[PDB]
Structures are given as C-alpha cells and as structure tokens.
Amino acid sequence: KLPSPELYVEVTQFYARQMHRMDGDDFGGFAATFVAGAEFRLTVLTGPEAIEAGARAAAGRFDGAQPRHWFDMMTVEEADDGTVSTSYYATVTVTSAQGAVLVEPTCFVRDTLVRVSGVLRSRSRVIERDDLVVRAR
Amino acid sequence: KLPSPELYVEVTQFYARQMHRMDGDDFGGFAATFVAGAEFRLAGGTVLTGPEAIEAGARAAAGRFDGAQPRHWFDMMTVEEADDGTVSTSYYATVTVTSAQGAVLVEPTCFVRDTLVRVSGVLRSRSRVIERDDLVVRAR
Amino acid sequence: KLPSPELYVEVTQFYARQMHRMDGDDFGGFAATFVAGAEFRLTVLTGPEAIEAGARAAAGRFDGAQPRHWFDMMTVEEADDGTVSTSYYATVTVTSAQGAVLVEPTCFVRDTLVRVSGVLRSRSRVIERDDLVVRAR
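Protein chains in written order, with PDB author numbering: chain E, 30 to 71, 75 to 169; chain A, 30 to 169; chain D, 30 to 71, 75 to 169.
No lab work stands behind these hints, which were simulated from the structure alone. Even for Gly, the Cβ is constructed at its ideal location relative to N, Cα and C. Keep in mind that the hints are not guaranteed to be accurate.
Unchecked claim - A few chain D residues that face chain E, going by a derived Cβ cut-off under 10 Å, partial list only:
no., residue
1, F56
2, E81
3, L164
Claimed, not checked - Computed Cβ-Cβ distance ranges for the label pairs, DEER-style:
no., chain 1, residue 1, chain 2, residue 2, range
4, E, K30, A, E109, 45 to 53 Å
5, D, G131, E, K30, 38 to 46 Å
6, D, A168, A, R88, 44 to 52 Å
7, A, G150, D, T115, 35 to 43 Å
8, A, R70, D, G96, 43 to 51 Å
9, A, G66, D, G114, 44 to 52 Å
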C-alpha cells in the first residue's frame with residue numbers, strides 16, 4: 030500500500046532532523062526521537081538512554097572528523113494500527129580536517145515508527161551491515 | 030509541469046522496490062517490473078529488448094561485483110507526467126560495492142533517463158537509457 | 030511546521046533542475062534560478081551575474097571531469113511570510129575519463145527560497161564545508 034503524500038513528507042522530515050542531531054553530536058536530542066523501550070539492533077540497545085550512550089560511543093570512531101549519514105531507496109508503508117515501516121539504504125561519509133572522505137560500508141536498515149502526541153518517533157531500528165552479510169556468505 | 034505529490038511518492042516507491050530487488054539478486058523480480066518490449070539502453074550502446082533479455086543482462090552484469098554487495102543510489106530526480114499518464118524521469122545514479130573486508134568502491138556516476146507506464150494501476154518501466162559519465166568525459 | 034506535499038515536491042524539482050544545470054555547465058541557467066540580489070556565501077557573491085561567474089570559476093577545479101551534486105537529509109519549512117527555508121547535506125562526486133570517482137568533502141547547506149511570479153527561486157545560500165569546520169575545532 031502506497032503511503033499518503035503527507036505521511037511520506039513527514040517521514041522525510043523525521044529522518045532529516047534525526048540524522049542532523051546524530052551527526053551534529055546532539056546525542057540526547059537524537060535519543061529523544063526514540064520511544065521508551067525502543068529497540069536499536071546493530075547486539076541490541078533498548079531505550080533512549082542506551083541508544084544515546086551507543087551513539088556517543090560509536091561517534092568516538094570518527095575522532096574529530098565529521099560524519100554525515102546518507103539514506104536512500106526508502107520504502108514507506110503505513111499499517112492500519114498507524115505503525116510506519118520503512119526500509120532503506122544507509123551509509124556514513126567521514127570528512128577529515130584535510131578534506132579526505134571515507135565512505136563506510138553500506139547498511140540495509142529496517143525501521144518502525146510510531147506516532148506519539150501527533151509526532152513520529154522511532155520504535156525499532158535494525159541495521160544489517162553489508163560487509164558483515166557478505167562475510168557471512 | 031510539476032508532478033502531483035501522489036505521482037512523486039509512487040515513483041519513489043517504485044524505484045526503491047525496483048533497486049532493492051536488483052541489489053538483492055532478485056533479478057527475476059527486477060525484470061518483472063519492465064513491460065513487454067521494454068527497451069534498456071546500456072552505457073555502451075547495446076540495447077536489451079524485453080524483460081527476459083533485461084533479466085539476463087542484469088544477472089550477467091552483476092558478475093562484476095564478485096560476491097560483494099552493490100547498492101544503487103539515485104538522486105536529483107526530475108519527474109514529468111504526460112497527459113496520457115506516461116511518466117518521464119531523469120536522475121543521477123551510482124553504485125557502491127561493499128566487500129567482506131569492508132572495502133567500499135564507488136562506480137562511475139551515470140545520468141539516467143526512464144519512461145514509466147501504468148499497467149493495471151501500477152507503474153512499470155518502459156524505457157531506461159544510461160549515460161555513463163566516464164564515457165561522456167572520454168568522448169569530450 | 031511540516032511543508033505541504035505540493036511544496037515539498039516543488040522543492041525537490043527545483044533542486045534537481047538547478048543542479049542538473051550547474052553540473053551540465055549551463056551556468057547562466059543555474060544563475061537564473063536565483064533572484065536579483067540573491068546572496069551566495071561560500075566570501076559572498078551577490079546577484080545572478082556574480083553567482084554565474086563564481087560557479088564557472090569553481091567548475092575549473094574539475095579539470096575535464098564530470099561533477100555530480102548529491103543532496104540528502106533535507107529539511108523543508110515554510111515561514112509565515114512565504115519564505116521557504118531548507119537545510120541539507122551536499123557533496124560532489126567528480127568522475128574521470130577512467131571512471132575514478134573523487135568524493136569531495138561534505139557540506140551542510142542552508143538555503144532560503146522565495147516565490148517570484150509564483151515560481152520558486154533561490155534567495156540565499158550558505159555553505160558550511162565540513163573539512164573546514166573540523167579544522168576549526
């Protein structure tokens with residue numbers, strides 16, 4: 030079932046704002062986009081406190097360089113109970129002080145979003161890393 | 030000339046599902062998104078006609094990935110709907126290839142022009158023309 | 030807060046056409062998407081003539097190769113006075129005659145768009161280059 034244009038637009042804006050916070054080191058604001066008990070599976077982090085700690089930790093890998101998350105090829109579907117399911121491609125570019133760019137291994141991501149007080153929030157995120165999948169075959 | 034929001038959303042979902050199938054090695058499902066007699070024009074000038082030829086070409090081309098994982102990325106997409114429902118798009122595309130060792134290759138970028146048509150209410154690919162930017166540069 | 034689906038679509042088409050022109054060396058057509066007195070902050077360029085000349089000059093860095101601009105993670109909001117504000121991630125790929133793809137340092141871009149005779153045009157563009165931000169911190 031195709032999503033309504035309003036839902037599709039709302040989803041694009043949710044992800045843009047969520048990733049701007051994560052990439053901008055607003056780890057608490059990033060985690061606040063998740064509901065209590067949200068499941069983030071890379075190993076699972078459950079709930080915003082754990083998700084905030086993980087984003088802070090994973091950001092350590094960038095040192096002082098600047099990450100940017102890139103999403104594309106995103107499916108969006110609304111269930112009758114209002115839950116939104118997405119699947120998409122994601123990567124992170126990492127730009128150094130000298131202008132070098134590293135492109136991280138791509139991921140295939142599956143999300144569920146829920147509406148809380150009229151606004152979308154992340155309920156579940158499951159990340160499949162393409163290098164690990166390749167390695168496993 | 031702007032596409033309706035419904036059409037724009039429909040196009041984004043068509044392409045997301047189409048590339049998920051191709052990148053996931055569902056070459057039959059990828060080819061099934063094309064109509065009978067669809068024309069697929071490769072960067073080099075070879076044309077594949079019909080979904081069966083397109084499936085065979087897509088499977089053969091995937092050999093270049095050598096067990097690594099491709100991901101197609103589209104961006105900067107124009108969308109135009111003709112009065113008869115035919116949809117024309119143009120966009121940028123590239124492919125990343127991620128290996129078991131975490132290597133990421135970025136393939137030469139392409140400029141792609143498609144036509145889509147509606148069959149029993151759903152979009153299908155009718156024409157795809159790929160211009161590869163390295164080949165364009167070489168000709169210049 | 031959320032843009033109408035019509036506005037969202039119009040913005041994607043505006044940017045697709047603007048970048049196709051710039052990447053295709055249609056520097057005048059690129060500049061025509063800006064209003065008179067538009068401000069482009071890299075140094076500031078004011079007006080379509082200066083923006084065209086600067087874009088032509090900047091393209092010299094590609095040296096016979098083919099650039100492609102990639103935007104993603106785009107916020108879109110309409111202000112009460114009809115001004116449209118966007119923020120997005122941008123990078124440029126540069127593909128050589130041998131198919132080597134250079135990936136330029138990423139940018140965080142903030143635009144304002146305005147409607148002129150019913151048509152969207154760029155009023156202001158401010159580019160923050162991520163390597164320079166990293167260097168500064």
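A quick look at each hint next to the structure:
1. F56: Given a least distance of 24 Å, the restraint on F56(D) is violated.
2. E81: violated, 29 Å
3. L164: Where the cut-off is 10 Å and the nearest Cβ of chain E is about 9 Å from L164(D), the hint holds.
4. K30(E) - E109(A): 45 to 53 Å: violated, 25 Å
5. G131(D) - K30(E): 38 to 46 Å: holds, 40 Å
6. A168(D) - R88(A): 44 to 52 Å: holds, 49 Å
7. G150(A) - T115(D): 35 to 43 Å: holds, 39 Å
8. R70(A) - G96(D): 43 to 51 Å: violated, 25 Å
9. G66(A) - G114(D): 44 to 52 Å: With Cβ atoms ~47 Å apart, the hint holds.
In summary, the numbered hints that this structure violates are 1, 2, 4 and 8.
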